[PDB]
Each structure stands twice: as structure tokens, then as C-alpha cells.
Amino acid sequence: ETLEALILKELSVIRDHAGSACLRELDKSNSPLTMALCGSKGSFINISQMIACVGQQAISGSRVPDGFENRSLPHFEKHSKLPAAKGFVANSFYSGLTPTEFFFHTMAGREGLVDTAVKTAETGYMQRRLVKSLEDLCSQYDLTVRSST
Amino acid sequence: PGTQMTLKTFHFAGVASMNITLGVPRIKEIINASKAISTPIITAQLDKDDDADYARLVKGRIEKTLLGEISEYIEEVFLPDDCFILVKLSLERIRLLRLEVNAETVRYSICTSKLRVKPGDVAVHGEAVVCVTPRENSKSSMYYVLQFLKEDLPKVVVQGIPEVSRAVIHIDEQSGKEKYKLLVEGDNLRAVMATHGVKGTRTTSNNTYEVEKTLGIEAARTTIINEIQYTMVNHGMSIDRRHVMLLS
Amino acid sequence: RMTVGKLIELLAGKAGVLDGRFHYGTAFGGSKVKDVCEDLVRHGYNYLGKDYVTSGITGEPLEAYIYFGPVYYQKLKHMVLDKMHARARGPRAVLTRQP
Amino acid sequence: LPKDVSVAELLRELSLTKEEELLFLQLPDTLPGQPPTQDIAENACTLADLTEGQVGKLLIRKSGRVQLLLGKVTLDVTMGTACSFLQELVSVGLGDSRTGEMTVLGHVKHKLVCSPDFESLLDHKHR
Amino acid sequence: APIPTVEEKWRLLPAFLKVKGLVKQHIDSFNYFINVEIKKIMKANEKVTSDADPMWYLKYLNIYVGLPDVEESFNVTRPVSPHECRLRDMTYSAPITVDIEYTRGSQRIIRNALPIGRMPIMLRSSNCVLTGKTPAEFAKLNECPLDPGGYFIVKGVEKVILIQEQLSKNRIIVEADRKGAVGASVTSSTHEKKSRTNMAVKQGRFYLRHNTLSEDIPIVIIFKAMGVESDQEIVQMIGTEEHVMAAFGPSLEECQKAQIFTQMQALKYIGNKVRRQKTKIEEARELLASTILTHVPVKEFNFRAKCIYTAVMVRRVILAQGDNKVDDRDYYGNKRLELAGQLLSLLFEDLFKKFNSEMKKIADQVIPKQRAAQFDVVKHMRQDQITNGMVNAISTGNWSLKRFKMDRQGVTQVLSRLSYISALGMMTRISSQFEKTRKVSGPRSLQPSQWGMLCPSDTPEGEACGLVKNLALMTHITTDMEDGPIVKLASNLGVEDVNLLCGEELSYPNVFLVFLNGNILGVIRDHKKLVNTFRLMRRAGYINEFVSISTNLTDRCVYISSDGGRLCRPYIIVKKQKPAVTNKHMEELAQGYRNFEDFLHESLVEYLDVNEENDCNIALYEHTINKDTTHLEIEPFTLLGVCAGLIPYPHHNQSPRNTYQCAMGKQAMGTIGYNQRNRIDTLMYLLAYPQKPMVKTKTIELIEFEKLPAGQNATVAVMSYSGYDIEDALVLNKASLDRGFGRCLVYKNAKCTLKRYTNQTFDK
Amino acid sequence: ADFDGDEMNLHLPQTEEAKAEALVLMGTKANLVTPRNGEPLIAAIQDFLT
Amino acid sequence: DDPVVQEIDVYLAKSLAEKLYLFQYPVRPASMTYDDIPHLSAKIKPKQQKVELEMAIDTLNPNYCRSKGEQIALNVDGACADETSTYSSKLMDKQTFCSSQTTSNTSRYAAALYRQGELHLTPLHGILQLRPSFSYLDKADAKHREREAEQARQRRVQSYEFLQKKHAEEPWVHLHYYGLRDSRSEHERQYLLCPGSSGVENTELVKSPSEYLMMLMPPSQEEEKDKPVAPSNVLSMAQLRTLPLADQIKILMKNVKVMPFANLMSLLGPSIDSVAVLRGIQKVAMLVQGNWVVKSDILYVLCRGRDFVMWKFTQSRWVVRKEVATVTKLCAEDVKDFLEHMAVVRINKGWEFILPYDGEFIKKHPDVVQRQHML
Amino acid sequence: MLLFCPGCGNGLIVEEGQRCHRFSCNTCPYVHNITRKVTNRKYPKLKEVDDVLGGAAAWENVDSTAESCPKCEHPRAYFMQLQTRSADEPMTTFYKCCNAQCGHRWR
DNA sequence: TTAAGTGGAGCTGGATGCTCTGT
DNA sequence: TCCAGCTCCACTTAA
RNA sequence: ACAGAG
Ligand SMILES: [Zn+2]
Ligand SMILES: [Zn+2]
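Order-wise, the sequence lines are chains A, B, C, D, E, F, G and H. Here the deposited numbering = 1-based position in the first sequence + 745. Here the deposited numbering = 1-based position in the second sequence + 1043. Here the deposited numbering = 1-based position in the third sequence + 936. As numbered in the deposited numbering, residues 245 to 284, 312 to 398 make up the fourth sequence, in order. As numbered in the deposited numbering, residues 18 to 294, 303 to 789 make up the fifth sequence, in order. Here the deposited numbering = 1-based position in the sixth sequence + 497. As numbered in the deposited numbering, residues 6 to 154, 183 to 333, 348 to 422 make up the seventh sequence, in order. By the deposited numbering, the letter at position 34 of the eighth sequence is numbered 34, and the numbering carries on one by one without gaps.
Keep in mind that the hints were calculated from the coordinates and are not lab data. Please note: incorrect hints may appear among the correct ones.
With a straight-line Cα cutoff of 16 Å, these simulated EDC-like cross-link-like pairs (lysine to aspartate or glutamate) come out [claimed, not checked]: (1) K864/A / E647/E; (2) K1193/B / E259/E; (3) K42/H / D1195/B.
One side of the interface only, derived from the structure: several residues of chain B facing chain F at Cβ under 7 Å [as the list claims (entries may be wrong)]: (4) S1281; (5) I1282; (6) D1283.
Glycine residues also receive a C-beta, built at the ideal position from the N, C-alpha and C atoms.
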């Protein structure tokens, strides 16, 4: 777990120092740069991710867990904790992705999709309980807050 | 904000450990007001907060320390006149861990919820060895119960609090100072407020039931306010304090 | 949303209608960007699709260049003529006298 | 304890001591023979069909290979799971209708497991 | 130095699509059903016998399926096309003909073709009229050359038996309980009986639980019931390590507290715990020989091979409690897929047994009572027991079989004809096991075991995200093998029998077990020679090419899986850093000298499996090959399925965008087929002037999408105009819509029946 | 809402009191801030910020 | 490598082939043998081999608590009955052993007494495992319980009671035990050997390695090949090696029974040598002065009329005349099947065969200069 | 420890006789008199020591004529040997040097 | 010796998002 | 699939 | 009862 912190430190240096090297060569009147400076749609991470370097793909906080025995895919050697073999995508969205990087990116995206799809039964019941418990409260004329009874 | 929280990652309370339930299940655990929750934390402040030598004494004073974790070899000895179990305390690792335990303390830690062994059955022949002569339990048990105590006696506690799972010394980063707070993943607030060396006037908790049982209803109200507002802040949301105040 | 695939489908289709090809967009391969940039310059267009545009309301040219090309748009089944709906008052249920 | 190999077993039983040792060897299911006028179907030819005589030559090679050359075919010989319990090779004789003799012949410690070399039987005519 | 590259390596994939994968899975399962399984079910039900009045018997001999027919008003019979059965709202079936041998006093009376039922014939199977035809002869049947098939026709609608996803039977699942304890379980399912057994460690001592016993009985009493009476042999079969004996000790100490030291005492203890349906001993001995661990066979009440198996279970629980290596259910070596044939086998078996029971009831009613004139049962062969059973179980979508306790719902769906991709995308769906019970978030994710077997992006968006999936482009689902030569080969490769040893050899460091679908074939030393020799015998054509092998080095097992319904995928063999396929081989494939089966025979292309590519090392491209690589990927665009093979440059997008296109691409307006005008459906959307795409994937050429497309090429400027295009809105052109852009047609339906009642009157 | 095949509902009140409780309480000009913290929600969006 | 060490001869013995068992004790280690214990009985049933031994444990040793032996003998035996009784005295003196069967067939296991220089094999008759019996505790429980307190289709063969009634019909066979230390044990240990020469050639074991691979691994209940090459040796340069022509000249001799030999030499393959492929092609069919046509005994109604009409292909270059076609004695219905598709019609000349006298004398081959008339 | 009867292979229990303690079977007369000292040592796992010695602990292993540390060549360093697991492990040696403008950790 | 008040363990009963759009 | 009440049973004190 | 859509 010490090694994981050093690798997630070093692989976040590559994304940040590669994404601060694309924003120094973009001219003004670039369209995503204008749309990120005015805050309308987008951010700097999106520009630096579809120009320079897509970041480390993380499923629930850590690197890509092993699905097979002691490795992530059959395409990598066993017990290897390399950057590329556990979810780091060295390419951007301009130069395309490789098959293992595309599969890891899809693993990282399906978690967002399934949290969006699980959230609906996760929150509305809680709001139903809060409304059925709180709805009798009313600020009165003598500046109190009293219940129904 | 329950629909807005994507149940995000990267949350460790700044220690790269001590995983905490945040997001929608944290608000769910607060408003359900249950008696026991996953991942409790009792954050304690130390009074003489200058040096780490003071912090590890009170760390070992509350953390669960097992007898099998301080004994170098635990053996049965069969004899032509007797049979017993012999435990030699590795006193070097007692001296390094800075603990208040010797053979007379281990004798007192035995006879607390173990098979009803008698205090006469346990002797203190040296300053390390502690022999336990077994008896007949006589309630669905044979005298060959030495195999029960051979794996059961290393699960008795000699120093610390029984409910605390683990603990970690936590530091700050600011340049003005360097002081040592204490993160206790446990479920006994009254025990951490009572050990010598822990500033009991300034320690808190996550679980509202322990705060209600120890400090009262008004501190439980303040804990509900602070914890709902902390969970809402850690996910990029912002609620005026009058709403969480009305809920509490 | 970071769809760069639309930005390359547009350019590849534009460079493939000018000389009668079907540029492949095969997964993990396909026609590259460097081979469709050179088929636009050979036919007189810009090498990145962006074209000089005179506007149609004022008659004066736009400042930025606009990015022309054919994209394959498909029509979906969700039409508004089969989703418009309005009840003032009408038939009610039999058990619960509500619509 | 280290695990012994068949060349290390067939070296100690001739060089270290001349004393005889009872081996218990497992052969494959069909041995490369024909049932001699046994009222047949190309069925299994085992040791319950052959006669007495030299049935084969056992070839121990350099670098630990042990082969059982049983005619035109070279088989392969490997050690089995090492048994460490009491095995007794006994005899039972029913020399009469309801009474007879039981005799113990010795003990069995080591095991051999024989298997055809499918790579060498396969490389002559592939499929 | 660059490794040399074969550039025409792609051409194995259009050769693979001639035979296997891409609805040919459904066809190869339905032909498997109607060609072997309808004979094998009839074999195990070959004779019915009346209880009263013996020396009377009905004997089935041979069964058939035949050609599709229609039974018209005036008893005239004629073959029929599938489109006539689409229009008239009738099923598309063929009469089941069976010849029998019965007794009317005269002891041998036989028939030749007795129609007992009608089997719904799936399209483009072996008995359909569409197979083996030329594209100009589909015109006389009103059928498309590109309509894939694999769907039924029942009462006018098109229904698809979907692919199910089920866990593998006869396998030891070592898992955690709700309370934190670690136990094991194995769903011992055979053809005759399904039942789950357990292994609970609730007090630190091992208990066994079952649906027959009213209380969980300790495991040492079960060992003493199964013929091993010494405690030493039981602890031998468990294990000989120190902590294993320490963990097992408090179970011997429980067994010695009771007076159980003898087999008859243990059976008398078990018989006092059996829920009642010679009692105490024999209802326990028949229980342990027929119901608990009912897939491990006992031959003549010899319980050795079941003792070894239950000791393997207890040892795996003991080793898994130390380090929490529980088995995940979501690894797809443990999932099996069940096609249309294996559901219709169960359905037809239950219907045929109910038919024989109804016929035996009629026989026992009219043999002892009525008349000395010997009746024949030909006058009681009612056809409407089998026909209406098949049609009602296909059309409604429930398969409630009382014999097998199977209570499934929602199997069949109506085949969607919105576009061409929607019909082809539905024939590759895999419904999941859990079916939306609770928000699991555990199997809804994307595990890495789905490499090349299932599609990454093609899933529905909403409540079924991850619970409805889709096959990849180059996958294959196996069927049940004959299981013959695998045991006869494994017995000649150094596998000792398991009976010839005590339990102490199981705990050796150099002794591995071998399994075959859950049963122990024995032990073996030098497992690498076993695995390599078995793979050479698989490549050389002796063992069938879908029999996988693997090695779990942690649990010390060498698995062999000859079972049916597991996912395979082809690969190119690599031997000492060079691919076995040369440019000469692909030139010989392009000129027509050979086919894909010749690549299978010559040890050039071999099928892998999800359990078997856990051992192997695969390179994606030829320049990834290093010295420890045994296989080469053929095409990496086969990772994406059928509906994601429309997307151009799909590796440049973000991953949810491909999912939203896999949702939208099944809903685009287009053209159904070449018979889209002679077709009367409930709802049909067409486009006026369709155009084929300008940037196209090779998957589009492989599934012939651009012969009948769905969409139009729009000239698109990308700019901000007029402010009516803020969030996803788009501004059209009035003079393009007037010229035919986006023009669509909507066809609907209105049917009306005019029936004649039981009273002789009629609608008019 | 996001205008991508999105449907929305409508409710016409039938009484004058239901009109006046909808216009004063539930107006868009009287609900420019969220009740949560008091931040404006009806404001500029994309192509009105760019 | 070469067999540098210990070319050990293997001999096969048969004198104990019906007598030799292998008993093994799963719960007794390999050091604490039963060589010293005084055995009492040795029982057997010869079919369904179930060997029950009995061994006597001594009493005067300190490992025999007599205070427990008196109690267990009082529990098992009647207190003073002794008419039929498991023990003779007032104590437990025996420990009875009960067998369980390992395998049914032992045709593959063989015991091996290795002497110097050679190794003798002897086939077993069975392997039995001998576990200590606990029947006397259940007999003690029996003495403790007797002190105080037109039928339908059936299945009995797969039950327990009929099984015990079927096994116990075999009467017991008693045997006299002779231990390892006895002098009879050395005398009956030499029947594991076989007397013979040092050089013995076996007229068995003649099967070639391909025949042995075919024998142990059988063909899958009979083979069916039609198209290894996707046209059956008929298209894709009209002949192709995926169905190997050198392995199977027969399939093209069935298919293309009329063809020039120069096409066969070009399409059979370059790697196969010349005189070997001439000997492969020559034996499968007839030849007519350099015209190879199918062996009619394999193709097709008798072969005698077929042999005489193949001689008619040798007689006249105008193959069969319409009267001589009747003389050659073919199937009169199948004259079009035998001659029409295989020849050329010219007017009033009968049939002109596809293959005239070709250049085999132009070919360098000297043996079918004279083989065609003896064949 | 489990010990099993050579006769029947049931599990032995310890009991007391008239002259000695005995291992005894429950199902056969076999007994074994404990004549001499017999033992069974578990050797369980001890605590981690990594974060226990750091930060100026009470070490004592330094001696007169002790070696200087290899980098600084001064004796301003502590060194110690400890068992990291149970005391059957051969003790490992470790040392740390702390000098002005110099911080290092070595093995 | 036993009456009694209170711990711990197993059983039981409840719950799990909002709508339209079609067959 | 997760979680509060209800009821049965050993476990000490006290007379 | 199933599939869609937001
Ligand atoms: Zn004993
Ligand atoms: Zn220093």
C-alpha cells in the first residue's frame, strides 16, 4: 500500500505536467480554451485530457483490480504492478486508445453510469421519510416553530 | 444534495487510511439515528502535544493489546504429576512498546470472562512466566479442555480498551507548529475520555448514540449539526445552517 | 463529453466525398488523420475542414472559421406527434372516480 | 525431506545395497500386444494375456530420463505419490475347497507410474 | 528489430462467420435439441406400464420432427412459408411423429407415424424451409436474405428465447456469510435432482446443513456414517498441517462428547434428524447415498469418493479462513449460458412425462372394468397436450416446471423490428441471473473477465445497466461433449486412482488433484506434463477442441471442463516468438484451398476459454510478443459487439457516449429488410431516402449493414446560431426538409376477426 | 432539463384562488434563488456566457 | 542422449498371477509393522474379496489398562455366558480388522521384486485396505439394549438389505497365517521370479507406435471425412494437399478416375520424392500403357467383366465396339454409367477414350515399361 | 497436540492414573504413561516494531569501541538487533544515522 | 437450596424511485 | 437483499 | 407480464 501511494503520486505528476504543457501552447481564440475560461461548458481537465494525456483510470478510489488470477488481463505478466498494466492510459483522445486502455476506460465509466442508475432508489426514499417526518412544522406568528399538536 | 453526491472517492481524513462512509449512506446513517454504525471514529486531543514519546504511551494505553501479541512462546507442559499451560512474556517488546504490563498484571487480566478459572490456579513464578493450571469445566466439557485454552488464552486483553479496533497518530502540516492528535476507530467514548494523558475536555465522535450516552442530548444535537454539515461540505454542496439546525 | 470521434468522422467523410472513397472508421485502427488532411489540400479545401464563411443575414463574413463536413445523422423514433397529449375532462375509472 | 526421482531409486538399489526391494508399479491400460488366440475386436492387452519371458528392456538414460522399452514402443516411467504407511505384499492360496494358506512376502515402500510418451507416439504420424 | 507482420490476419474473421457465432449459436442449439435430445429424452421414457393387469405395455421406438405443415379446413395438408404464418396469425410448427409397439392380446402391434404433438420450428434451422436456399428463392417465400433467424413464430408474433446466464453447477463455492464466517456450498445439480449442501463454521466447529435434515449435524458424525470410523483417517483426509489440525480439533472434541464411535451409531444419529416425507438406519444411508452430494457417485454403497470430496471442502474452508480468498461469483469461468435448446429440452421432457402419466391414468381406468375386447391406446393419443404446452410456454414467457422446481419468467421477448440492428442486436442479448432484485453494484460493474466474450459498452441505460448484456463479434458457446475419451486419456497420463491412498497424500506439496466437472479423477505429480500433453492431444484432433484445461496453483487443482454452455474465443498459437499463421496460409485461405477447420486441425488456431486464458499469456499485436507468450489476438475490434460496430472511431470517444449510441442505434429509423412492403406488423417505421454511411467500420461490412441502412448524410457546420440550439438542440434547414431530408413513413395496423360460435350463428 | 427528447408536464388551475396562489407564491420572478442557501438559479447558461 | 547407465532387463512372471494380493494399512505408519504381533485367524471370501484378520494384543505390557479392559469385556460379553462369545477370557485380547475394496480391476497394477541386474513383474489379483474394526462397541450396545428393552415394479438390487443377502451367500474360507519371519516366507518369495534366458525375443509386442496410438486412443466409434480441402480434391487448382494426395491417392482415384499423369505429378505436391510417389500412385489402380484408370474392384457388376473391359481399353484405341461392349459383360443398364461420360463419340466408331497412349516411354520411368502387361 | 492410538486410531485424551498421568483412548484399553517432560511450543506473531523505535527511543545497544557508521564515519548513530517475528527467527541488524545536515536510514 | 432480575441468542416481520409510451 | 421487536434460556445475588 | 424514454 506504500507502493500504491508512490505510483499514484508519480502518475499524477505526468498528467499535471503534461496538461500544463498543452495550455502554454494553445493560442487564444481556441474554442475549448474560451469555453473553459468563461466557465460556460467544460474545464481545464477536459482540455488537458483530450489533448495531452488521459489520467489514471480508477474504480472506487484505487487502481484497476485483478479480475483474473494475480493480474488484470491475460495480456500482461503476472504480479506486475506497472503503470500501464493497472489502468494508466498514456494516450489522449486525439491519438486514439489501445484495446487495454479502452477496456480500462470503459470499466471506469460504467461505475459512473451505475451510480447514476442506483442513485434513484437510493435518495428518493430518504426524501420521502424526511418529508413525512418534517411536514408539520410551521413558523408561527409569535416567532416559534411548533409541530401539529 | 442526496441526488447530487456521486458517492465520490479520495476521502481518508488526510491520513491515507481510516476509510469513512461518506455520501448518501452517511446522511442515511445520521438521520436513521442507529445505535451502531460502520466506521466510527473518536477523535481525541492530547494535552502535552509536543512530542511523539508522549503520544505512543497514550496510544498503547487505549489500543487493544492481546496477550498473544506480547508472548514469545505459549506452550503446554505435560508432567508426571501435573499438566498446565506456560506463557513467557517477551518483556523486551514490553519495554519497547512502553506498556504497564508484567506477570502480575497478566494474572489479573486472566479470570475476567474465561471459563471461570480460579485466581489460585494462576501463578507468577518469575517476572515473565505465567502458568495456568486448568480444571474441569463440568458443563459439556472434558478435562482435555487444554486445547480450548491453548487457542483461547492468546485472545485475552492485558492493556487497553476492549472495543477499540486500532488507532493512528495523526500530525498536522502547517508551518506554525507540530502537534499530535489521535484518531481512535472505536466504539467507547467514555473510555477514551477517562484515560490519563488524553484531554477529555476536547474529544468528539461520529456516532451520535455514544455522544448521547456520555455527554447528553445537547451535545448529540451539536454532533448531528456538525456531522451533517461536514458530510455536505466534503462533497461540494452547501446548505445554510438553519436547515440542519431545524433537523437536529 | 470529449467526442473527438465526431470531429474525425466529419473530416474523414469530407476528405472521402471529394474523391469517391469510404474512409474506414474501424475500431482500434482505421483511416488516420494525417491521410485525410492531405486529401483536402489536394482538392483545394483547408487541411482541417475550417472554411471561410460569409454569413447570410448581414452578408458580411464571420470572424472565426466554421467547420464544414458530412456527418451521418440518423432519425430516431421519438416523434412529438405521438407524444403530445391533453385531457380536459373525459372518461374516468369505475372503482376510483378519477381519470 | 527432498522428493526422490526414479533414476535416484534405480541407482541406490544396485550400487548402495544388493538387497531386493518390492516395487509396486502402475502400467498403462493397454500394453502394445495382441491376445494370442484368446477368442478375441482389438481389445485390451494386459499382463493377464502375455506369457513368461523377457517382456522388455528398461533403459535408464543420462540426465534422469527412464524409459521402459517394451518392444517397438518406448514408454515413460515416473514416480508416484510416495506412500508412507504400511503396505504388505501378501499371498493367498486356496489350494483346497475351504482351507488354505496365507503367506506374507514382504513390504512395499516405493511406487512407479508408467505412461505412454504421447509426444513421441504422436510425432511419427501427426493428425 | 521489428517482428515481421502478417497483414491479412483479419481474414480469419469472415471465415469464422461462415460457421460459428452470430445467431448460428441459436441454430446450433435448436438443431442439437431436435437431433439428439428429443431421442435421448424418449430413450429414458421408453416404456409405460399399467399398475393393474400386467403383460400390457406401450413401448416407444423412434421419434422424429419433420417438415412444417398446416392443417386446413377440409383435411388437406401442405407445406408453408414463414411469412404466410406471419400474416394469418398462426404458429409455425411441425408434427412430431413416433412409432410404437403395443399389445391388444395379440402381443406385437406396431405403427409407423403416430402424430402426438407439434414442435415449433425455429427459423433457419435444419427443418425450416428457408435453409439451403438461394436469394432468388427467398422471393417466392416473402422472406429477406438478411433476416437472421433464431426466432420462433407463435400465434403470429415473433418470439425469441433469450440467452440466460447461470452459475456453474457441481462446483465448490467458498464464500463468506452475512455474519462474517466463511463457509462452502455446492449446488449438486444433475439431470434428476437439484439440491444445495452447506458447510457452516458457526462455533469454530464444522456443521453440515441441507434441506432434508431438520438440524445441522456435525461433519465428523457424517464421516463416521460414511464408513471411515477412525479419527486419524478423518484428520488425514482433512490435512496434516499444524494449524489445520488446530482448527479441526474442536470438531473431534464435539463428536466424542456424544457416544458416536461406530457407523451404525452415526446412522442412528442422522436418522433421528431427518424430516420425514426401515427408518433410522436406512433412511440415513439412502440419504447419504442419493441426496447429500448427489453428483459425487457411490457405486455399491462405497462412500470413499464422497469422503475425499467433502474433506476437500472442509480443507478449503480451513485454508480460506486464514487469508480471505473467497470466490467471486462474477468471474466468468463460473458462469454458464443456457440457449434455447436446453430450455426446450426441459420443457419437452416435462410435457412428455405428463403425457405418459395421463395416458397411464386412462389405461388404468379402462383396463380392469369395461370390456373383454382389448382397447388400443391409439384412440386416446390426444395431440393437444404437447402442442398447447409448447405454444403456451413459448408465447406467454413462463416455464413453470413442477418436476425441476424451475419458476422462471420473462424469458421470451417480442423480436423488435424498429431497424435492422434492433433485430440483430436482440439475437445476442444475455439476460442475467439476478434480474433486478436490489441495487447490487457488484455484478453490474465491468469485470475484466469479459475480455472478448461480451461487449464493454453495449448495455441498456437505466434500471438494467449491466444486467442485460451482449455477445461480442467473435465468440462461441459450447455444447455438451460425449465425455468418453477424456477419462481414457487421463487414466494413461500418470493419474493415480484416489482409492489407492489415504488422506495424507492430499496435503503433500507436490500432489495436485484433477477434476472433471466436479468429480475427482484422482491425484497426479508433475502436472505440467499433464497439461502440455493434454493440450497436444487436443490440438492433434483426438480430444474434442472445446475441452478446456486449467491449473489453480493456489488450491492445487487441475480442472477439466467438458461441459456445455461456456464461452470460447479463437486465438492464434505462438511457438517461440513466432505466430503459427504465415502469409502463405492466409493466401491459401483467400484462394480457397482451405477453411477455418483446417486452421483448427493443423495446430494453428485453437479455441481458448475464460478458465484457460487465466494460464496463458496473449499479445494484442505482433510487436507485443516476448518470450512468454503462448497466443496472439486475431482482431482487437472483435472486443466490441454488433451494435457498437456502427460507431466510427469509437476509441476516440468517452466511454458513456458509445453506450448512448448503443441505445440510440437500436431505435434509428431505417429499413427492415427486402420484404418490408409485403409485411403487416403492429408498427413499422421506414425512412424515405436512406443512404449508406460515409465513414464505416468493418463490422458494417461484416453484418451487411450498408445494403439496407438507417440514416442520412447531413452537411453539418458546427457553430452557434440563433440561440435556439443551447442544450443539445440543433437547427435544421427549411429548404432541405422540403427536398426530402429526414422524410419518414409510419405504418400501423388494425385487425378484425369474425368468428363462428358454438351456437350455429356467425358474425357478419 | 436538457432538450434531448425530454418531456414536461402542465397543470392549468381552475379556480381564481388557485391562480393567485400560483402567481404570487410560485412565480418565476419570485423564485430566482434556491431556498437552500440563497444562490441564484435562473441565470445565464451556455451561449449566453460564451 | 544415450543409455549410459543400467540397461536393466525386465522379466514377466506368471506363477503367482492368481494368488498375489496387496494389503495396505491406511492408519498405520510404515515403520510400526505387524511383524511381531501373534496373529490368530485369516479369513477370506474368494469372489468379492473381503479379508477379515484378527490380531492378539498382549495384556502384561504396561500399555494395557486392565481396569478398562475388564469393563469393556463386561460390556461386550455376557457376564458369565461364554457359549458363543467374542473373547475367550475375562478381558479384551483381540483387535479385529475389516477390509474394504479399493478397485474392481487390477489388470494394470503389477508387483515388482527388483533383484540385481533385472526386474521381475507379477500381476496382482487385488488391493485391499485393512482398517481397525469398531463392531464390538455396537455389539456392546446390542447387549445393553437386549438386557433392558401381480405386484408392481420394484427395485431391490440398488438397496442395502438385498445386497447384504447377496454377498453373504459365499461361505467363509479359513487360512493359516505364516508371518514374514517364517522360513516359508522365503520359499514362497521366489515364485515372484520367472526362470528364463538372458536373451529372450518376444513374438508378441509387434505393434508399431502408430498402431499403439491408434489402439489405446481409438477412433471415435468410426471416421467420416469428405472435405478437408473444401472442394473434395476436385477444385482449387483441381487437386489440393489439405486432403493429402500422398496419404490418400484413393479419394482422387474415386473422383478423377480419368486424367493425365502430368497433372497428378504437378498437383500432388513438391515435397514428396519421385520414386516414392511413383510407388504410391502405382499400387492404387490400373494402368493402360501410361493411362492410370481406377481399380474397378474398389470402384464398383463383378470385377471380372470390369477386368476384361479394362483389357479392352488396352486392346483398341477405339474403346468398346457396340458388340464387343456386350462381349465385355457389363451391367447393361449401366453402360452409360460405365462408358458414356468417360469417352468421346465420333461417328460409327464406338467410343474414343479420354486418355490415348501418352508419353510414358517419353517419361524416364523404366519399370512401367513392362509393369503394365504383367498387371 | 493431537496424538492418536496405535491400535484403533481414535483420539487420545490425557487422564490421571495411580502412578502417572496417561494418554488414554476412550474406546480401547491402550494407555501411555507420561514418564518424562514433553512440550509443544506455538510461537505466535509479535507486534510490529517499525513505528515503535522511531523518534528517539530508549535504545541501549551502544558499547565502548563500537563501529562508526559507514557513510559519515562517525559514531553518531544507533544500532540494534531485534526479532521481528517470534524468537525462533535469527535476529536482524539495523541502524540509523543522525548528524548535522545529514539524515539517512540504512540496513 | 432456590426466586428473581437481567445479559445474550434465535426467530419474526417489515421495507427497498418517479412518471408516461406501447403490446 | 438489510434492520428493529419479541421470546426463550442460562447467570449471578440474596434469602 | 415485459421492453423503452427522460
Ligand atoms: Zn485407541
Ligand atoms: Zn548521521
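Do the hints match the structure? See the list:
no.	hint	result
1	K864/A / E647/E	violated (44 Å)
2	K1193/B / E259/E	holds (13 Å)
3	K42/H / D1195/B	holds (13 Å)
4	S1281	holds (5 Å)
5	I1282	holds (6 Å)
6	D1283	holds (5 Å)
Figure legend: structure checked against the earlier numbered hints; the only hint not met is number 1.
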